[PDB]
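Below, in structure tokens: the form solved without 4-(1H-imidazol-1-yl)phenol (MSR), a single chain.
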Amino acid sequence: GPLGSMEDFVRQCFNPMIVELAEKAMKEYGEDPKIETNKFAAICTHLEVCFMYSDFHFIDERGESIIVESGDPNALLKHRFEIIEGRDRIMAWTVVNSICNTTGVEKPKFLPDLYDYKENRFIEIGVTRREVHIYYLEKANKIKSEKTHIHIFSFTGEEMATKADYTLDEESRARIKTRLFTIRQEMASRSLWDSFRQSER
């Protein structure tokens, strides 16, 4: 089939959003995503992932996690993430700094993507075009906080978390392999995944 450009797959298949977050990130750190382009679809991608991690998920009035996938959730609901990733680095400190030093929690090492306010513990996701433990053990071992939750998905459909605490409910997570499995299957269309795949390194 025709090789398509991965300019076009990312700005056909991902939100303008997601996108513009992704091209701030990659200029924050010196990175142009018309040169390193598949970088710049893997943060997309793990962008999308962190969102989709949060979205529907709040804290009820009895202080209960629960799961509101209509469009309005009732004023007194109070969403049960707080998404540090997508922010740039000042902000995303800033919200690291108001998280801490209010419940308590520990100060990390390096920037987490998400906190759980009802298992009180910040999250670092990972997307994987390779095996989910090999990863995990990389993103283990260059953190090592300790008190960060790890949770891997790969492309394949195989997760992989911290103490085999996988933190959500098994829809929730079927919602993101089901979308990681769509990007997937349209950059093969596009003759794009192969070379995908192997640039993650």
The other form holds:
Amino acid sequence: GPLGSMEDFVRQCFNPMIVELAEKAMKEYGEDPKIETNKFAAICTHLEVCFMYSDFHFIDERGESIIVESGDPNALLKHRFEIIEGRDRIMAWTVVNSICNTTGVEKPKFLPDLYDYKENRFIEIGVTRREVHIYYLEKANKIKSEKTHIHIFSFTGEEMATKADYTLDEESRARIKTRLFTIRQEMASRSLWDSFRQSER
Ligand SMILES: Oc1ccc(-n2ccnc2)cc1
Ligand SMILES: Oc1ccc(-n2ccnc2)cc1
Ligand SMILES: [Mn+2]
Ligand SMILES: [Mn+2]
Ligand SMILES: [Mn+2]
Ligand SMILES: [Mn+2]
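With the form solved without 4-(1H-imidazol-1-yl)phenol (MSR) already on screen, would you show the form solved in complex with 4-(1H-imidazol-1-yl)phenol (MSR)?
Every component of the complex follows; first up is the chain already shown.
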């Protein structure tokens, strides 16, 4: 089939808020989304997975974690996750340092993606086009915080998480895996997938 552009793919399959945040992330670290286009799509994907991971999860009036998929959560509900990803470096560390001074949770060396108020820990979300065990070890060796929980998703449905503790229910993680499957399929229809996959390196 015809080779599409990754720019068109990103603009057509990601929400404009997500695309704008990814452009900002790349600008912040001196990269151009129109040149590093596979990285651009990977950042969009990672942002979306982090938002999907936190979606619908609340802590109820008794302090227990619950799932509310309706648009209107009860007003006494607390969001279960703090989202650190998707923020500029000053604001992201402002949110982190805060949680750390507040809860007593130690400070990470690298910015994590979420904070889980149920499990009382930071989370590093990974999305890989390679094998999850390889990618898991690379991340574990990098952060080595050992209080920060790692949860890796692949595009073919495999997952790996710290201590085999997957945090979320099957249905929530299935929403994420379904979305990743969709991204891969749509990229493949545009003849973008093979190169995107091989670019992770
Ligand atoms: O090549 C890049 C650029 C920016 C990135 N980023 C900064 C903040 N969040 C993602 C990651 C990778
Ligand atoms: O000004 C911003 C906004 C979002 C950013 N970001 C997106 C994903 N990770 C960080 C970076 C910079
Ligand atoms: Mn709300
Ligand atoms: Mn980021
Ligand atoms: Mn991050
Ligand atoms: Mn991450």
